[PDB]
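8 protein chains.
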Amino acid sequence: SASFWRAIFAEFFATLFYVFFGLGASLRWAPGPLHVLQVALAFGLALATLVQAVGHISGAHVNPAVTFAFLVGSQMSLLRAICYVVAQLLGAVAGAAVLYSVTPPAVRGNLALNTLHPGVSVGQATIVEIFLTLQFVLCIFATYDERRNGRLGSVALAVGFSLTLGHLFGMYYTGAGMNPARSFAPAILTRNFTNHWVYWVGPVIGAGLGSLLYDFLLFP
Amino acid sequence: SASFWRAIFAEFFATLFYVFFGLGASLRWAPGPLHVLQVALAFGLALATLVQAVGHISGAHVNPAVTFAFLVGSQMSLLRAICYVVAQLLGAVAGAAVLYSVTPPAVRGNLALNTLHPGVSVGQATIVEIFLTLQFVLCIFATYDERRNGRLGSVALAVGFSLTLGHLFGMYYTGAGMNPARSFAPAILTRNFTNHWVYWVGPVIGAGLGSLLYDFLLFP
Amino acid sequence: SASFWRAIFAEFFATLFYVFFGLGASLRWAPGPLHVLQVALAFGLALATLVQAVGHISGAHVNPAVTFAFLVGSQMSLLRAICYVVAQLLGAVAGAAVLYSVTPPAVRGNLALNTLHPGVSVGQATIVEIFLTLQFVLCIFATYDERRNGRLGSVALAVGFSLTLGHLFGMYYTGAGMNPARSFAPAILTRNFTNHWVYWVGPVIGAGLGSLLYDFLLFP
Amino acid sequence: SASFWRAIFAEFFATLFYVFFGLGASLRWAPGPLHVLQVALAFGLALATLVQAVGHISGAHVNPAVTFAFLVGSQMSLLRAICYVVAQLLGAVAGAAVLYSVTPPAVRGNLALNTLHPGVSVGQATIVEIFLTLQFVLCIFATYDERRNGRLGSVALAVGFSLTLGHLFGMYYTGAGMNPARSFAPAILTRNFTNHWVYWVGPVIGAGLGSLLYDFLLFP
Amino acid sequence: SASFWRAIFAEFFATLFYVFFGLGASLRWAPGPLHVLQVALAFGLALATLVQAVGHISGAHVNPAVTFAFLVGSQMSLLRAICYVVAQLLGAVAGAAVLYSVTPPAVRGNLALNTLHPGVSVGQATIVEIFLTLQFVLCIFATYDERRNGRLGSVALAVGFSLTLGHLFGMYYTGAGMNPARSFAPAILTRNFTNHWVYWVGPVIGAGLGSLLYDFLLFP
Amino acid sequence: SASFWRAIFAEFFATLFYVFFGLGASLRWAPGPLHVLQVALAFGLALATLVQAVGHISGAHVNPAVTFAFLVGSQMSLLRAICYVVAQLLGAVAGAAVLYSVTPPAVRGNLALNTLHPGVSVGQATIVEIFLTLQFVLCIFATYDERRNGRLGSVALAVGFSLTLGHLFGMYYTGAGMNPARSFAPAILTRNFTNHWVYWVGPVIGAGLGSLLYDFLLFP
Amino acid sequence: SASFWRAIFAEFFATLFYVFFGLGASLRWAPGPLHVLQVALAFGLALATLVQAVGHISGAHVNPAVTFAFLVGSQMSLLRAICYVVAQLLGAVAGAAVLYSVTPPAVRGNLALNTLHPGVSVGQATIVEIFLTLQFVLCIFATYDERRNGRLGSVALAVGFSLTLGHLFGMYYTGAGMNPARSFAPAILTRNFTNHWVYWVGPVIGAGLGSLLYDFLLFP
Amino acid sequence: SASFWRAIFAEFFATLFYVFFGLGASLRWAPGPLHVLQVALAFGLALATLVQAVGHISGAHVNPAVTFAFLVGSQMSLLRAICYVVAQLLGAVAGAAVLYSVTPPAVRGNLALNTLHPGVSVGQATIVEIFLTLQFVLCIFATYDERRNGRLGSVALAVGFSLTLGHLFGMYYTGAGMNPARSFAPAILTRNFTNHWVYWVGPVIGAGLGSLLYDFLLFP
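Protein chains in written order, with PDB author numbering: chain A, 6 to 225; chain B, 6 to 225; chain C, 6 to 225; chain D, 6 to 225; chain E, 6 to 225; chain F, 6 to 225; chain G, 6 to 225; chain H, 6 to 225.
By construction, these hints were calculated from the structure, which means they are not laboratory data. Every residue gets a Cβ at the ideal spot worked out from N, C-alpha and C, and that includes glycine. Worth double-checking, as some hints may not be accurate.
[Stated by the list, open to error] Here are some chain B residues pointing at chain C (derived, C-beta under 7 Å):
| hint | residue |
| --- | --- |
| 1 | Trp34 |
| 2 | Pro36 |
| 3 | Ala53 |
| 4 | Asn115 |
[What the hints assert, rightly or not] Taking CB as the label site, the calculated pair distances span:
| hint | chain 1 | residue 1 | chain 2 | residue 2 | range |
| --- | --- | --- | --- | --- | --- |
| 5 | G | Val127 | A | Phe221 | 53 to 59 Å |
| 6 | F | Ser126 | H | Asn197 | 23 to 29 Å |
| 7 | C | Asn115 | H | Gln80 | 51 to 57 Å |
| 8 | C | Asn115 | E | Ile87 | 56 to 62 Å |
| 9 | F | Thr199 | H | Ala7 | 45 to 51 Å |
| 10 | G | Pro225 | E | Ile87 | 24 to 30 Å |
| 11 | H | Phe224 | G | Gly155 | 27 to 33 Å |
| 12 | G | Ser106 | H | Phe198 | 24 to 30 Å |
Looking at chain A on its own, in the form it has when it is part of the complex:
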């Protein structure tokens, strides 16, 4: 039916805004801003706003790893999962392209390219991105679990704060690229794929491990 493509657009538009507002706040307007907390809250609130906006439509995955987790969790058709990933990657590039146009080149920089910290190895970078996306996916699956008897608040505020947690930790390590689409968007628009498989392997394994940890070790 047509609720399929309304979700494909919801993924495309939300991922566009997610990258636009996320990467945009990750742009350094200062040589030293101490911007880790500021940037971490930006991604989290961007996710929280979008989940509140397009959660009922597409689930507001805006993340190939998150879509991969639901694909592993047997809650998404494969075709739709592919369609989300291509829409998220298309949305990510579109958001970063619009961000490129509206942002002066002096502060545009690398468009917040997820890059490994000098002393962080690709293996260490992979493990960190696995844990960054594992807890994040684990938080998503619990919040999106239909059986949620206990009465709590907003699932948007939860998964957003989980994303902020990952950035409060992982930004120093890998730039906190727990979103392959977010990492892809400046990689393509800057022509820089250095250690870019890390931001695909890491989140996908962490999404995969987080999915399996939830629906079999936590709630079969």
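Put chains B, C, D, E, F, G and H on the given structure of chain A with help from the hints.
Below, chains B, C, D, E, F, G and H alone, put in the same frame as chain A:
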């Protein structure tokens, strides 16, 4: 009936406090405070507090763009929409006037005048203000959507965090003036209208686009 | 009955912790920490935690102005209102006294004494403290209003964020002393009452005005 | 039955992530970062994410003091309480061990070892850790109280913000070690037990006092 | 003879570099950099380097006020004094024009336009600029006094540190525009002459007063 | 003769500028500026500029302790020493009075009143002020020693950097009030003499001890 | 004779230390340190110390551009100029290699690789590096001019402060690479030559232009 | 004769003040102060002031490594070299003991104990301390070289800025302990000798190597 004017006052008073507390926390008491996160949370929590206060009465729009979005969304009578905008603009000036009286001139400054960043063009400024207000309006419409089956937390905390998101991003670009009333209040009390149409055109288009994106591409 | 004194203790203990954790985080461990956001969130989260703790018992006023507002709002017996204020003031001094013991004198300072900013007059200080406590009381009355049909999140998170809003704004002006008990506690333990009536007149008027604004102009 | 060991793992895994993400964000990547707010939110959001993840399974204590409080509160079998503490301590070391592997030695440091502030005595350190854990446990017991008639938001966001409150205050005093497992993890992996009993005595008394204060002085 | 025009160029080139390096380091590459000390040393070291470079040729006045002081001090022919001022103003605009070309517009800003601080009146601004230039001229006249029996170090390091002193103080008040040429250069290239007479009246009076204070009250 | 009063004015004017520029840069235009280095260099460069200006005339003592040291060192007539102290104190008040007029009240504050740090006792404050002024006087006496065979640079740059050294250390302890005139000027114009004898006893003993240490233990 | 190779070593060793201490202090031990002033003084004081050390031997050029300027200024044999450049480049790599060994990889980074600022074009980068090296060379030639009748202080402190001036300005633009050897050292040891001709063309032209400007337009 | 013991005291007193003012400014009054530049200038200006004070008497070595260098350089009797080292170590402890008394325990800390950076090995720490003291000694030997034909400024300002250079670089690595006496003073008064041989081996080798590099490879 009389629930009309109780809402007109609720808009007037809340917009007064919104500008008073928002602009007040946006006043620089330091040459470098790194105040972006501090100011962004101020507006968001100011909106969240006021939405919790006068949401049931007027909807706590405190924003001509937000009122324009509901006017476009066929949820507001035009006369009442005009009455909200004149009350919000009157409230904005009143709040900034009170802020002027209570704040020493050495820190009063331009009363936090929304001004374009040196390298940001009026077209780039317009687009940013469109996106700042689009997601914000989109978050408002989803939170204020009567059909909200999924059980979440506070709509006040949501739309406030959406406003913080816009300031975390747009303050560097345009001062994050996603509120024509907020931009109008120091423009009139400082006699400075430089690029002030940007803070009317941008938010209104973004409010208009955000409204149309919601009730036809997201939920007809 | 005995639910009276369980609330008197709840006020005493919560105000003790409110001052202890609030004033404690307001103590400067740095010559320049840029601590406004850090201190503002401390008070707000301290209030949010305590409201979650002793809200069902006493209402977690921990504020003579807040108790005065409910006394004006015809929701509190006068005797109990007096009993709350004496307990809050006793709790405030007790919390600041314990804070004095556990904190080294080099960082103890004035025990975070609410003091007027150099250029802020007592009249300007009074008006700011009125508005700081008006919105705060207004947010409390709306959150504590039994008729709260619209389904939202936590009232603790709301009134706490309202308190953070007041500190994000008023700390520069008056130290954000929207709590007479909080202002009283270091005033007595430092032997400094300079402009201390401001932190009683301001909040009480703001609490009074906020109460009247709610139950007659907002919801008769 | 088997819901026992699913909770033992939930405690082990969540405490692993709690230490991993908590201690990891507490690692200084800067000589002066002014990281108190950043680190305080990290622990709180880490707790909030994990409580949302494994709250329904084990209660997400991830804290020997918190388990001790429920043991005192007659809501936990002793054997299970021991099993939680050994799992939390095992999880804490495992999380800090993984953090050690993924973090470069130049920023690894003491692995965020809870250490007394220069002027803070062991008695003052103990009292602070008692109050840090008292309010935290008090907030947990109220949020986890089955009788919670008043409709509020998320218990995860509450207890997480309570943890942030303790770090906003106690980090200057003792590093805010209101978790014996969190304090144990770098103590064992750095071979440093200086004043380490403080981080066991303090939280346990504060957990004990917080438990007794709740279910007899606040709600028998 | 031809040592005249070699000095006219020395004034032109040094004032070009003085504005180029001075204004360039005064450009804000950060929203809060706490750049006062950094900018103050930039002007001072720029003056010290240029005085070391072209001091023996023209005296390295690079300042219409400084030339005016020597004109008042009966050590400069009037024609040459005019020729220095036109060369300094031409050099200032040339330096700021080159700075405009090499600097991205996002950080170009107002080209470090000397602007009155919000609470500083034109009379207060004038007095500050008088004192900023008085001590600076007084330091120049003493260092350039042929009778300097006492054996000291570099006159370049002295007058440069005097300029840094003026910026350490006057930047907060008026931007420390103790150089009419330096103030003129961005005023003309930004089309902004707001309170620009202050940066001519102030320094000239301060240069005049500083000259008279030296050669009649200090050393007739 | 008349070289006496030319020195009395030189002391009066230089102490006026010393307080004006010193106290002025010590005024906090930010809640946290991390201004210790900035303020320390301000006093030092202010002293260096003035020593270069009026050193040959009066010696540029601009300090009652420094005059007292030369009085003890048998290099100053007592009457002239009194005349310097009254001129320095008159100059100090005049400089702080002019600073009061030109500075907005919001940043005027206590006019940089030398105040004991919270944990610093009057005895500890006295000892620190003794050492701050001892080395400073010792540096002055060596630089002003006629027998200075070894060829070095500027005595102004030396004694100024000695003053910066004292402020880099003593500002945290006592505000680095190694000048009774500098401490007197805001004490009289703010009506605050709290622990003000410390800033007279300390520097005078340190000046006295520094004088005796030089001309008998270092160079009889 | 043998004073040739003593100078070749002096160039080699001083350039080794110049890169070692310069690049070492340019290494970011913080995500935001606001290190521009700190790094700028490091290079300048490193140059000042080395000029004081090996100035009498080789002239302490430690800069291929500086050697090129003297080669253009007809004060250096070509063979010796080549020998200085190869020694400086060998010293630069040796210094950066030792710095690599002693510095942990987490803070080693790109070894302070001179890289163009995002919005700075190669032409703008070239012009800035020309001016950075022009004034620096101009300051060197004046300080090293045998005819220096006027009695001033240290030539080491002068040329060092000139280098600090260039870094206070050029670090934002190009990293202030006014030394081809300094730019070469991390370029070779990181395998990154992006826009590396800029740091050769710019300084050499600026050194060439600075040399010609001095000995023909300033002092034939 | 008696000029021996006047120098022994000069070493004792100057090293006392050197440690007192150096370690005192190295005490952290803030969790993040970004104090590297502030502390680096403190040591350098402390050395510069003392060299100006007691340079003509003892040479103002205030450093066992510096005394060892002159002992190696055949410019000091061995007995006197021992007498300097015991006086410097006695002075260092005395200065740190006085600093202990006058400084509150909350900011006293480890008394600025030279401690290896987490990722810095003892071998890397040794090499850095060798280079920190090599250039410093090399700068001392050149400045103190009787044959100093070229006319420059102050040797005190030179060796002080060399010390600042070492702290601008080495503070991150080892705390910049290029003075065994400075490292010894808090090691003994805190009962902590962890990696304390590094601060003896490193500086002594660097002093030894710096001495030999000067008087045989630079000036036989």
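Hints and how they fare:
1. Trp34: Since the shortest Cβ distance to chain C is 5 Å, the answer is holds.
2. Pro36: Status violated, d = 12 Å.
3. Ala53: holds (6 Å)
4. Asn115: At about 17 Å, which exceeds the 7 Å cut-off, the nearest Cβ of chain C leaves the hint on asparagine 115 of chain B violated.
5. G/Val127 <-> A/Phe221: 53 to 59 Å: holds (56 Å)
6. F/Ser126 <-> H/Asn197: 23 to 29 Å: Distance hint for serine 126 of chain F, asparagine 197 of chain H holds at roughly 27 Å.
7. C/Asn115 <-> H/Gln80: 51 to 57 Å: holds (55 Å)
8. C/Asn115 <-> E/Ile87: 56 to 62 Å: holds (59 Å)
9. F/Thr199 <-> H/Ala7: 45 to 51 Å: holds (47 Å)
10. G/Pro225 <-> E/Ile87: 24 to 30 Å: holds (26 Å)
11. H/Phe224 <-> G/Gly155: 27 to 33 Å: holds (28 Å)
12. G/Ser106 <-> H/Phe198: 24 to 30 Å: holds (26 Å)
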